[PDB]
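Student: Listed here are the chains, written in short residue letters.
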Amino acid sequence: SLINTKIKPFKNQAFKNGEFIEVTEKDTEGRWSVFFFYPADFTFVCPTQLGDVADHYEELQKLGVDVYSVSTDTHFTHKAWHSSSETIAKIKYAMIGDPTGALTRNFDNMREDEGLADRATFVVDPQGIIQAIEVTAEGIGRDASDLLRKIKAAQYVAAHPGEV
Amino acid sequence: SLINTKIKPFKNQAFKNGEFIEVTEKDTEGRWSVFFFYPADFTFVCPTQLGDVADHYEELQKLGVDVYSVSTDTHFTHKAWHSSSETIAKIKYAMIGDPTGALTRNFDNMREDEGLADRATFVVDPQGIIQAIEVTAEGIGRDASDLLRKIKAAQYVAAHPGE
Amino acid sequence: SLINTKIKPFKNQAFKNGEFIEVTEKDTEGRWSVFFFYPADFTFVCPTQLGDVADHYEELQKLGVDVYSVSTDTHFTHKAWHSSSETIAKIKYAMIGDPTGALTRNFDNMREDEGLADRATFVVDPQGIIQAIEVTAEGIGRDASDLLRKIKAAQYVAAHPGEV
Amino acid sequence: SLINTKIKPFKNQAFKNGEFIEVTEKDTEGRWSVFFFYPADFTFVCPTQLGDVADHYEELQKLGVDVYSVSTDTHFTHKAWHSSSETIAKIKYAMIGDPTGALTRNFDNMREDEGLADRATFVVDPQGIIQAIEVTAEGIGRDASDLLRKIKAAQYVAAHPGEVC
Amino acid sequence: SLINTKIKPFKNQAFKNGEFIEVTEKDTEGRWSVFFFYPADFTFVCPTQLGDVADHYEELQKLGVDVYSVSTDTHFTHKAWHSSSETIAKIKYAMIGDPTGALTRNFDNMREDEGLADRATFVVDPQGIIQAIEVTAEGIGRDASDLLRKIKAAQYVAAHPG
Ligand SMILES: [Cl-]
Ligand SMILES: [Cl-]
Ligand SMILES: [Cl-]
Ligand SMILES: [Cl-]
Ligand SMILES: [Cl-]
Ligand SMILES: [K+]
Ligand SMILES: [K+]
Ligand SMILES: [K+]
Ligand code: NA
Numbered sequence: 002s003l004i005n006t007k008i009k010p011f012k013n014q015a016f017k018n019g020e021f022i023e024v025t026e027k028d029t030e031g032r033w034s035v036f037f038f039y040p041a042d043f044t045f046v047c048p049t050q051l052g053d054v055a056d057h058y059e060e061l062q063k064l065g066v067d068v069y070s071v072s073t074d075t076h077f078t079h080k081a082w083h084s085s086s087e088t089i090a091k092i093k094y095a096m097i098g099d100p101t102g103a104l105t106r107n108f109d110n111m112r113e114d115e116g117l118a119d120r121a122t123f124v125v126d127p128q129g130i131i132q133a134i135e136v137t138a139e140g141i142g143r144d145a146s147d148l149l150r151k152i153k154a155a156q157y158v159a160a161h162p163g164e165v
Numbered sequence: 002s003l004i005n006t007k008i009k010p011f012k013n014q015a016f017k018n019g020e021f022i023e024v025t026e027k028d029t030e031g032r033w034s035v036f037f038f039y040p041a042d043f044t045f046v047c048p049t050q051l052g053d054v055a056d057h058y059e060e061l062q063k064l065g066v067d068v069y070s071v072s073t074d075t076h077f078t079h080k081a082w083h084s085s086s087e088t089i090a091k092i093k094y095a096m097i098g099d100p101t102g103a104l105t106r107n108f109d110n111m112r113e114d115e116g117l118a119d120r121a122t123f124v125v126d127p128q129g130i131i132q133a134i135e136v137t138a139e140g141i142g143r144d145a146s147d148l149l150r151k152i153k154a155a156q157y158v159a160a161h162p163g164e
Numbered sequence: 002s003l004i005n006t007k008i009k010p011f012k013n014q015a016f017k018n019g020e021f022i023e024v025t026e027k028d029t030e031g032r033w034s035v036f037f038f039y040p041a042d043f044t045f046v047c048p049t050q051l052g053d054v055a056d057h058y059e060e061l062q063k064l065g066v067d068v069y070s071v072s073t074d075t076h077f078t079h080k081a082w083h084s085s086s087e088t089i090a091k092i093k094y095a096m097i098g099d100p101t102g103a104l105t106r107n108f109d110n111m112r113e114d115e116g117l118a119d120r121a122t123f124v125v126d127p128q129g130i131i132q133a134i135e136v137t138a139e140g141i142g143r144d145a146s147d148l149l150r151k152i153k154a155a156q157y158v159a160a161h162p163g164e165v
Numbered sequence: 002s003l004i005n006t007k008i009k010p011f012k013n014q015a016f017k018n019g020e021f022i023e024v025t026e027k028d029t030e031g032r033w034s035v036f037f038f039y040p041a042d043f044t045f046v047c048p049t050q051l052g053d054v055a056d057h058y059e060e061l062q063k064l065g066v067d068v069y070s071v072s073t074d075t076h077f078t079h080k081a082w083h084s085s086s087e088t089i090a091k092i093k094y095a096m097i098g099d100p101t102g103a104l105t106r107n108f109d110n111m112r113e114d115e116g117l118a119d120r121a122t123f124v125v126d127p128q129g130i131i132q133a134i135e136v137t138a139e140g141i142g143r144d145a146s147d148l149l150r151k152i153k154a155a156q157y158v159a160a161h162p163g164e165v166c
Numbered sequence: 002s003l004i005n006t007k008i009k010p011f012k013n014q015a016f017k018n019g020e021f022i023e024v025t026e027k028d029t030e031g032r033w034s035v036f037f038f039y040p041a042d043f044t045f046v047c048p049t050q051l052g053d054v055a056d057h058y059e060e061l062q063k064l065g066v067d068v069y070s071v072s073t074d075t076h077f078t079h080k081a082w083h084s085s086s087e088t089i090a091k092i093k094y095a096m097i098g099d100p101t102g103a104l105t106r107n108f109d110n111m112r113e114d115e116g117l118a119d120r121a122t123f124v125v126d127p128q129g130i131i132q133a134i135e136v137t138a139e140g141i142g143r144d145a146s147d148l149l150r151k152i153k154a155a156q157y158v159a160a161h162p163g
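Residue numbers (full-length UniProt numbering), protein chains in the order written: chain A, 2 to 165; chain L, 2 to 164; chain V, 2 to 165; chain H, 2 to 166; chain R, 2 to 163.
Keep in mind that the hints were calculated from the coordinates and are not lab data. Keep in mind that the hints are not guaranteed to be accurate.
Using 35 angstroms as the maximum straight-line C-alpha spacing, the simulated DSBU-like pairs for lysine-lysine come out as follows [claimed, not checked]: (1) V:9 <-> L:9; (2) R:7 <-> R:153; (3) A:93 <-> L:91; (4) L:153 <-> L:63; (5) V:9 <-> L:7; (6) V:93 <-> L:153; (7) L:12 <-> A:12; (8) L:9 <-> R:12; (9) L:91 <-> L:63; (10) R:9 <-> R:27; (11) L:12 <-> V:7.
Among chain V residues calculated to face chain R with C-beta under 10 angstroms, some are [unchecked claim]: (12) 44; (13) 74; (14) 81; (15) 82; (16) 84; (17) 99; (18) 103; (19) 113; (20) 114; (21) 117; (22) 127.
Covered by chain V, per the in silico footprint, the following chain R stretches (three or more residues, Cβ under 8 angstroms) [unchecked claim]: (23) 36 to 44; (24) 67 to 78; (25) 100 to 109.
From the three backbone atoms N, C-alpha and C, an ideal C-beta is built for every residue, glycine too.
Go ahead and model the full structure; you've got the sequences and the hints to work with.
Tutor: Here it is as structure tokens:
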């Protein structure tokens with residue numbers, strides 16, 4: 002896996018709370034980040050995983066954690082999904098579009114025969130180092146509460162080296 | 002250009018008139034086909050170009066011509082766009098999703114730095130041979146009635162070799 | 002296709018209005034240009050296509066658009082054709098000869114088995130960028146009216162970034 | 002990642018309930034499997050993690066799930082750790098030795114500059130397909146109850162595909 | 002040079018006395034052939050050399066010699082040049098069009114940076130063997146009577162070894 006490696010440079014458009022923005026690796030420097038990949042917009046399972054992160058987003062932000070969801074759809078499509086779905090409408094974090102697949106390939110997370118990212122979550126520290134990875138097949142679900150736990154533990158170890 | 006070359010094999014998912022189907026090169030064999038590429042769903046310009054073609058679709062179907070629109074979006078996204086845009090809702094031809102880019106690259110039509118297809122139309126005859134190509138940059142616009150003229154001309158020449 | 006790519010340097014002889022001239026990419030810099038390729042002089046279909054563009058040439062010039070017709074014949078052959086055909090005699094734009102096939106290959110438009118150019122039209126903006134392309138098989142025909150519409154729309158969006 | 006790929010063949014010695022045994026991919030066929038990698042025996046953090054899985058092992062076995070822990074130590078070393086640590090002593094699942102690192106590298110899970118496996122857990126279905134992956138850095142810890150939840154969810158979607166809530 | 006080598010196969014359209022024909026290597030087999038290359042139709046200098054050859058054409062025909070002029074112009078252009086120029090109009094042999102340059106390149110006679118053949122004449126015997134080569138720069142002429150000299154000689158040595 003990519004554990005304990007540094008994230009690679011990237012530049013992507015995103016939809017975030019009603020506007021289009023550009024995100025690059027420079028935006029992650031000095032911050033905690035979650036990169037939350039999923040296969041496709043306008044599908045039936047993904048929203049509740051994304052929705053579960055949205056439910057925890059206020060707490061994450063208090064911990065100084067930025068959240069970026071990523072699929073190979075465009076930011077135009079994310080904006081439409083956000084208007085049309087009430088689960089997605091509660092997302093206030095950045096929804097990155099990755100239609101070249103470059104961000105997804107940076108995280109070695111592309112299904113090449115489908116052109117879609119796998120269901121993978123990466124926790125990245127202020128120095129750009131991947132501290133946790135979770136990947137699941139369809140239907141197995143990613144629990145945002147267990148994600149919060151890992152982030153708090155990763156922040157703890159960073160602040161107090163030499164104990165778990 | 003790809004003019005007078007044979008189209009390449011492909012297999013894609015599509016949204017067509019309320020259902021999801023698979024489209025391959027074998028469905029084009031023995032028919033006239035239009036492959037109408039565009040950059041992205043849920044943008045502002047593309048729909049009236051696609052809608053133009055939809056207006057002419059009954060006539061095209063009378064001439065034995067199938068229409069396939071293509072972008073690197075998914076068929077899921079095409080279905081959503083079709084339910085949200087009054088213009089896209091008119092479309093009764095297949096909307097192919099090409100998220101791997103393979104179909105777009107077959108037609109040498111990928112903007113690689115963007116992962117989107119360029120605005121290109123290809124007219125393909127029942128033997129798979131590309132008989133007309135049109136490509137435009139943003140803002141310039143494709144005229145569906147010029148497309149029909151070219152299709153009719155292509156069919157005439159097919160039916161009156163040497164003239 | 003070559004859409005949104007920059008034209009390549011070239012140097013060719015041309016017949017224009019009784020004179021032999023040299024055309025290079027420098028003549029296209031800062032101008033709109035139409036490169037109108039065709040297979041062969043002294044054939045029977047091509048004159049109509051070329052004559053139709055000639056009919057629009059006054060207006061194209063008014064709009065700051067130069068026209069170059071191109072085949073793999075020589076500029077000598079173009080001069081003769083201009084004397085013999087009254088449709089070709091209408092032509093006041095440059096008729097480029099491309100016997101090395103180099104200009105035709107710059108535009109990826111050679112039928113290599115015949116040594117003749119395919120029936121292709123390229124619109125090139127003042128920065129040398131290809132903004133529109135049309136290629137047709139024998140007998141289908143290019144409509145100069147649609148060409149004129151396309152040039153006007155390309156000029157419009159150059160002048161009004163974002164809009165139509 | 003390796004998600005949705007088939008596990009590669011392997012053959013390794015292991016210590017399990019007072020015996021040395023051989024384990025290969027054939028032993029995993031037709032069963033749910035958990036491959037629990039950790040860096041090194043006779044260290045201080047690892048055993049609480051192995052112990053947590055040990056606590057949940059009876060429940061895992063009633064779900065038809067086999068557990069294999071893996072480090073690049075030998076099976077001899079596992080046997081000795083099992084005699085010396087009261088925490089490791091409660092392990093009843095197989096402790097696989099991977100001194101060549103081949104089982105670790107099959108799962109793309111080697112820290113090459115240390116020759117130790119990273120802290121990764123893989124859930125493998127009865128067809129050999131990897132259905133869940135978790136990897137953590139030191140100190141972050143792996144929650145065996147969250148593992149059990151994922152295993153039940155994977156069993157559920159296997160039994161009832163395309164079902165949607 | 003290509004002397005004493007066998008010509009390569011080719012397939013070209015030509016204009017010959019009011020009509021269009023295909024010429025291939027097969028049409029030279031069993032016959033003597035002259036391939037007369039020139040740079041371009043509808044220029045000033047070339048017609049006299051082609052004319053010079055035209056004058057001697059019935060004589061050649063009675064020696065068993067087929068004539069083929071070649072430029073990288075098309076046969077459409079050759080037809081047109083025929084109507085336009087009195088000189089060219091008196092040609093009765095085949096004017097081959099070589100727009101792909103392949104026939105020219107078979108005889109290694111392409112000026113690559115112009116896409117035009119050089120001024121070269123090749124004599125080919127019934128077995129396809131090149132027996133005489135002449136190449137001249139612009140302005141220096143190619144005199145047809147010297148070509149008849151060379152051909153008659155070439156035929157002598159063929160029927161009378163040594
Ligand atoms: Cl990974
Ligand atoms: Cl093309
Ligand atoms: Cl092109
Ligand atoms: Cl992995
Ligand atoms: Cl030679
Ligand atoms: K895409
Ligand atoms: K030529
Ligand atoms: K070791
Ligand atoms: Na994959």
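Student: For each hint, tell me whether it holds in the structure or not.
Tutor: The hints, checked one at a time:
1. V:9 <-> L:9: Judged against 35 angstroms, a Cα distance of about 29 angstroms means the pair holds.
2. R:7 <-> R:153: 20 angstroms, holds
3. A:93 <-> L:91: Cα-Cα ~33 angstroms, so holds.
4. L:153 <-> L:63: The hint holds at about 12 angstroms.
5. V:9 <-> L:7: Holds - the C-alpha atoms of residue 7 of chain L and residue 9 of chain V are around 28 angstroms apart, at most 35 angstroms.
6. V:93 <-> L:153: Holds, at about 32 angstroms.
7. L:12 <-> A:12: Judged against 35 angstroms, a Cα distance of about 31 angstroms means the pair holds.
8. L:9 <-> R:12: This hinted pair holds, its Cα atoms lying about 30 angstroms apart.
9. L:91 <-> L:63: 18 angstroms, holds
10. R:9 <-> R:27: 11 angstroms, holds
11. L:12 <-> V:7: 33 angstroms, holds
12. 44: 6 angstroms, holds
13. 74: Constraint on residue 74 of chain V satisfied, holds at 7 angstroms.
14. 81: 4 angstroms, holds
15. 82: At 8 angstroms from the nearest chain R Cβ, residue 82 of chain V passes the 10 angstroms test, so the hint holds.
16. 84: Hint holds; residue 84 of chain V Cβ to chain R Cβ min 8 angstroms, cut 10 angstroms.
17. 99: 8 angstroms, holds
18. 103: Interface hint status for residue 103 of chain V: holds (8 angstroms vs cutoff 10 angstroms).
19. 113: Holds - the Cβ of residue 113 of chain V comes within 10 angstroms of chain R, reaching about 8 angstroms at its closest.
20. 114: 7 angstroms, holds
21. 117: Interface hint status for residue 117 of chain V: holds (6 angstroms vs cutoff 10 angstroms).
22. 127: Because about 30 angstroms separates residue 127 of chain V from the closest Cβ in chain R, which is outside the 10 angstroms limit, the hint is violated.
23. 36 to 44: Coverage by chain V holds for the stretch 36 to 44 of chain R (4 residues, Cβ < 8 angstroms).
24. 67 to 78: Our answer is that it holds, as 5 residues pass the Cβ test (under 8 angstroms) against chain V, meeting three.
25. 100 to 109: Check passed, 3 qualifying residues.
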